[PDB]
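Taking the hints into account, I'd like the entire structure generated from these sequences.
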Amino acid sequence: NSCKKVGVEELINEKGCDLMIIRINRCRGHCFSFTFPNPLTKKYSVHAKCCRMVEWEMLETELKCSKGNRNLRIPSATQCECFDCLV
Amino acid sequence: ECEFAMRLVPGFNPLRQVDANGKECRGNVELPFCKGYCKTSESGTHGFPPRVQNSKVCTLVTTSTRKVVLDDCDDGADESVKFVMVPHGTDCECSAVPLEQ
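Protein chains in written order, with the entry's author numbering: chain A, 6 to 92; chain B, 3 to 103.
If you're looking for bench data, these hints aren't it; they were derived computationally from the structure. Note that CB positions come from ideal geometry on N, CA and C, so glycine has one too. Any given hint could be a false lead.
Below, a sample of chain B positions facing chain A; criterion: calculated Cβ distance under 7 Å [what the hints assert, rightly or not]:
hint	residue
1	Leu33
2	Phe35
3	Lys41
4	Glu44
5	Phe50
6	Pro51
7	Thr61
8	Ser82
9	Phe85
10	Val88
11	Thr92
12	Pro100
13	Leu101
14	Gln103
Quick look at the structure:
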């Protein structure tokens, strides 16, 4: 189990607005999981971990467009961990 | 990345099936069992939904179906409870389909 925080530079290059570089965080990694076809329930019996961000921070900004500046919102990770995929 | 094995599950060690008239057939049933560490990720994104999940679990690659017979049967049991239909394959892959249902 290894779920790590990874920094991401992201370029916004939309026609009309000023380019803008945004530095955020995402979670990436490998967690354990197993699954078998339960025919008694006729469904998949799943017991799975997934690399997810437990806590995050919103990241707002102004995109300087020629026809009206916009306000953008992005989540950025603060703690990455192997947790339930469905929660 | 993933791993395949035929295993015995609590409910199927052994499996019991009861018909009308109360006649029961029991018997162990091996199940295809996929397990491993899939590469997963969660990232913040613009707009809605604000989050993106590359979530994946080790799932069986279904290539056929197996009809397993329960041996230990009560006298005069119906045939419908003497068999079980199980999806069967040979390899496991990282897939998100089990999470959907």
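Tested hints:
At its closest, the beta carbon of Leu33 of chain B sits 5 Å from a beta carbon of chain A; the interface hint therefore holds under the 7 Å criterion. Hint status for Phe35 of chain B relative to chain A: holds, with the closest Cβ pair at about 5 Å, below 7 Å. Interface restraint check for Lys41 of chain B: the shortest CB-CB distance to chain A comes to about 5 Å, inside 7 Å, so the restraint holds. Contact between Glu44 of chain B and chain A, as hinted, is supported at the beta carbon level, the nearest pair being about 5 Å apart and thus within 7 Å.
The interface hint given for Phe50 of chain B is violated, since its Cβ lies 10 Å from the closest Cβ of chain A, which is over the 7 Å cut-off. Proximity of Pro51 of chain B to chain A is violated relative to the hint, the smallest CB-CB distance being about 10 Å (cut-off 7 Å). The beta carbon of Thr61 of chain B is positioned within 7 Å of a beta carbon in chain A (closest approach about 5 Å), and the interface hint is therefore held. Interface restraint check: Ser82 of chain B against chain A, minimum CB-CB distance 14 Å, threshold 7 Å, status violated.
Against a cut-off of 7 Å between C-beta atoms, the interface hint on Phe85 of chain B is violated, since the closest Cβ of chain A lies about 11 Å away. At its closest, the beta carbon of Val88 of chain B sits 5 Å from a beta carbon of chain A; the interface hint therefore holds under the 7 Å criterion. The restraint placing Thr92 of chain B at the interface with chain A is violated, with a minimum CB-CB distance near 14 Å, outside the 7 Å limit. The beta carbon of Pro100 of chain B is positioned within 7 Å of a beta carbon in chain A (closest approach about 4 Å), and the interface hint is therefore held.
Annotation: interface hint on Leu101 of chain B holds; nearest CB of chain A at approximately 6 Å, less than 7 Å. Hint on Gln103 of chain B holds. Least Cβ distance to chain A is approximately 6 Å, under the 7 Å limit.
Against the hints set out earlier in the document, violations occur for numbers 5, 6, 8, 9 and 11.
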